[PDB]
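One-letter residues, chain by chain:
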Amino acid sequence: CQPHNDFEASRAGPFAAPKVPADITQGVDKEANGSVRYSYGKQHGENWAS
Amino acid sequence: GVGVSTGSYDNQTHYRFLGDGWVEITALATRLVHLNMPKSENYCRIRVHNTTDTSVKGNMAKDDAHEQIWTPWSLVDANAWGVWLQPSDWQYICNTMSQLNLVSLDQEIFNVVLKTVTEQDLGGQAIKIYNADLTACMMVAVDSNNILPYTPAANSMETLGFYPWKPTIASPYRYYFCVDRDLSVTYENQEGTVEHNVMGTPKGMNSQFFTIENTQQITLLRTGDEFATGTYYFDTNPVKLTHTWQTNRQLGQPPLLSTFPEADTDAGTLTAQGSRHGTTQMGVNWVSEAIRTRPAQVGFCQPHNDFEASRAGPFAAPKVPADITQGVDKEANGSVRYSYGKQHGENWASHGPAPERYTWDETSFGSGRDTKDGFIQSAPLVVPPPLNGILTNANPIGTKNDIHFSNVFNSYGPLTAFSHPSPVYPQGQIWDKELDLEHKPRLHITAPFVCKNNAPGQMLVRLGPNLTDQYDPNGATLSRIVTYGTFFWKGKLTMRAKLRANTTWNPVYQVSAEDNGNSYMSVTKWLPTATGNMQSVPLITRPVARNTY
Amino acid sequence: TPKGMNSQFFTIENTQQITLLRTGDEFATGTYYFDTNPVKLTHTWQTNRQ
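Protein chains in written order, with the UniProt record's numbering: chain A, 339 to 388; chain B, 39 to 587; chain C, 239 to 288.
What the hints contain is simulated information worked out from the structure, not anything from laboratory work.
It is possible that some hints are incorrect.
As the list claims (entries may be wrong) - Below, computed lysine-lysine pairings styled on DSBU-like, alpha-carbon distance capped at 30 Å: (1) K368(A) with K530(B); (2) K380(A) with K241(C); (3) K357(A) with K241(B); (4) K471(B) with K241(C); (5) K278(C) with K241(B); (6) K278(B) with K77(B); (7) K368(A) with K478(B); (8) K368(A) with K77(B).
Claimed, not checked - Just a few of them, taken from the derived set where beta-carbon distance is under 8 Å, the chain A residues facing chain B: (9) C339; (10) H342; (11) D361; (12) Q364.
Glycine included, every Cβ here is placed at the ideal spot set by N, Cα and C.
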């Protein structure tokens, strides 16, 4: 079990404490299991038509 | 050809003193095995889902929901401490040796016997006649590659016989399969029936189906044949055979004594707590045996009964066992409780479906926890503990009067230091295969020894199917001749170990056998009865004291 | 504000040997070797239950 969204703050400022990704199971808990979400561009993989 | 033995019986234990404090201990064990023709002609994917308990709102832990794959093969897994050494031997080892590790291990199968049984009416009845079948043959296979799911015989408490002069049956083989099980949470009598509680269907990304027929070289052997495996070597590390008493309280230099006891009654004193040298992690201007900094952290608070759920379903999150201390917190410290049978150690006189059980308590007095004393205080640490500036094991955390910080606190930090789980002589798991993961656990609770290299390789075995005169697969007619088998097993578990020396003045605690009485260490406990019944009770592991600093 | 105990200021001009190359020139680096461990290309279905 990993702390769901444990925002820890430091001298640099508040941040999201990383968490080892894992299966989502039937719980459909994505953000809870650490399922990373990406955001790329056109020169990185997005359709040039969009 | 056939009609002659192919092996020798030997179930002893020799001690070869290699000097320099180290001694090579070779444990030989031979037993008679009894195998019956498996009922399942082929691999089955039986799905067991108990609802007699899961349906109830109160019952949550009694979730035996899973889908295993029953194979037509048995298994000769003698991974038990009591199936190798002798009751008396273990006493000598624990009392002398201070550490032990596994070295080699071999196996052999001689005097393979296969007979068939037929019905024969006698005076109107029907007695069974037993005729030996030479042409009959069995099948053996040692998956040293571990291509098949590792199935510890101790995890199901179905190893071989701990009694030399008594036969034993090989436990069937079966492994878990991919199935998405889900169970909702319900307390006592929650509003409405349990939300979700259903089994799952086979997935294509986790469908693990194996066959003994295509995962190992099956060696066919008859009555005159015999099998033997190579000398497997263990790479596991040695486990200390001593307990730790020193707690986080006693480590470095004790406080300087300012007063000396005049009588054996009174005691001495320390120096001014406010004016005394030392190191404390508090900004206060005083020190004590409770705030003084220590080299590390001995033991750690573990979440009491932290049931974590996954795609497979809810389960009890394992926890490293430790001393129970004066808190008498067994289930809180992780004191594992066992349940063995008669062929495993229970008295043969206690007739009944109720097996013997015992709760094993660790000997690591140093890493012992006590829920009846754990507490926290506000950042501004002050001598007088405010009513709101402290969290004792009596403050309802989470709108619950029984759920405190202790039940949900993990004090595991970079300073966490603990010992290993003392292996029990009876029904104790020796070695175990490591998990195929990038970051495997620092240790295993099931077995002290963990094969760093490859695993030993479970030994599978199945009786050769004796077909009848008539046969037709398409007609679902699997006519098989009633046949069974009885083969002997011979194994030698060589392992070296070092013995400690008397470096103290006061005699250290030992394991003795008091006279026949209420005393737990009673001799009758390991002595036959008028009828011949016997029982094997756990032994005191790590009797000698060990200084942890 | 900038601290004196954590002031990390670097310059590409004083942290590496800059190789000047024109149109007819060309650069190439040595054969770097990795010491990283191999990563399994398979998933695990077995849970604490089985």
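Here's how the hints hold up against the structure:
1. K368(A) with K530(B): Violated, at about 51 Å.
2. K380(A) with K241(C): 40 Å, violated
3. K357(A) with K241(B): 26 Å, holds
4. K471(B) with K241(C): 52 Å, violated
5. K278(C) with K241(B): Holds - the C-alpha atoms of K241(B) and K278(C) are around 20 Å apart, at most 30 Å.
6. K278(B) with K77(B): 45 Å, violated
7. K368(A) with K478(B): The hint holds at about 24 Å.
8. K368(A) with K77(B): Answer violated: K368(A) to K77(B) is near 44 Å, above 30 Å.
9. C339: 5 Å, holds
10. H342: With a closest approach of 13 Å, the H342(A) hint is violated.
11. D361: With a minimum Cβ separation of about 6 Å from chain B (threshold 8 Å), the hint on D361(A) holds.
12. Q364: 4 Å, holds
Checked against the numbered hints above, the structure violates hints 1, 2, 4, 6, 8 and 10; every other hint is satisfied.
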